[PDB]
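Can you keep this structure in mind? I'll have questions shortly.
Only one protein chain is missing from this complex, and each of the others stays in its spot.
Chain nomenclature is as follows: A, B and C, assigned in order of appearance, with residue numbering initiated at 1 for each chain independently.
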């Protein structure tokens, strides 16, 4: 899918997220845990209440992988390789759950990017997360 | 992204389907149109009754595409790129509909391959049609 | 919905520009999920995002439909009555795949987050997700 215009939009959004990526990663998760409670069973060992240090820390790892994806948009399969084996083989993550977190990541972005989340940027970001989700479910 | 075991299993199913590919592709369509009537609005110019020559003719085209994907499984994006733009940009097929026809293609295979449609081969076929579907949706 | 959820939903909904949010949500569906254009052939130019968003028929359809779910004075704390008609329309007549009901709801939620920012808190979104799931299921009843 990923067109130059989509790459341009995704980079623009990434620039405005800037150093808040970790924090947005945390927020996405909490959004997902509250909105889609079935997702919580993947994190029994987490305290998922607001301000949890484990959600904050996990948020940074998520954001780290997403910026890795942005930085290697042309070869995500190679980039996210290990992560796909982790989520499939070890963690048994139901693929439907990628759509849910993708949606929460979009919502988070919408809530923080007044100017940047235009209709075209929304489409480009959705396409971006759908590619990441395709890679993470490939195994 | 399929394993060698999945490739082996897809080739076994293909071999056994043999020259019935076209016929089976017709049947899959009929199975989709009756099971999932929303899909019928993509074919207003087809007679979708049983024995329709349009469904038989189209079933052949679908079979040929699947047979092409089988034959170039390691570079499906290239094989099916044209078809991908057609389904997305021209036809604007809703992605959910690929899952619907994949299911009907699986059931057709199951109904014609008693020895071949083992759990392992079922898994491999499912993955094959998911790969095809991922490629035909790639232009959204 | 719990009283907490209805509260979250109605307090925010009071401040929605009904006119704008309907057109916004529909436009973004057409732009984000371009297969949905197939059902709005009569609307004319949907060629680019700018054309989609600026298209008078899109914004007018958005306003008509959402203008019937209020911004104060009842609607958006309903149950199950008007949806029967819309279910027959969307399923029996239009043959819209029901998945698209969830997507549009998700798009409305994105629109809300964009307009309300930090005020669209994770608890508030949660409450809005139940709504959009409730509406999606209602409209899909003629498939069930």
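The working rule: a contact is a pair of C-beta atoms (placed from the backbone, for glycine too) under 8 Å apart; a residue touches a chain by one contact, two chains touch by 3 or more.
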{"item": "Which residue of B:62, B:80, B:106 or B:132 touches the chain not shown here", "value": "B:106"}
{"item": "Where the unshown chain meets chain C, residue by residue", "value": "133-134, 137, 143-144"}
{"item": "For chain B, the residues touching the chain missing from this view", "value": "27, 30-31, 34-36, 103-104, 106-108, 110-112, 114, 117-120, 122-123, 126"}
{"item": "Interface with the unshown chain - residue positions in chain A", "value": "37-38, 40-41, 88, 92-97"}
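To be clear about the criterion, only the chains that are shown with their structure count from here on.
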{"item": "Centroid spacing, where centroids are CA-atom means, of chain A and chain C in whole angstrom", "value": "24"}
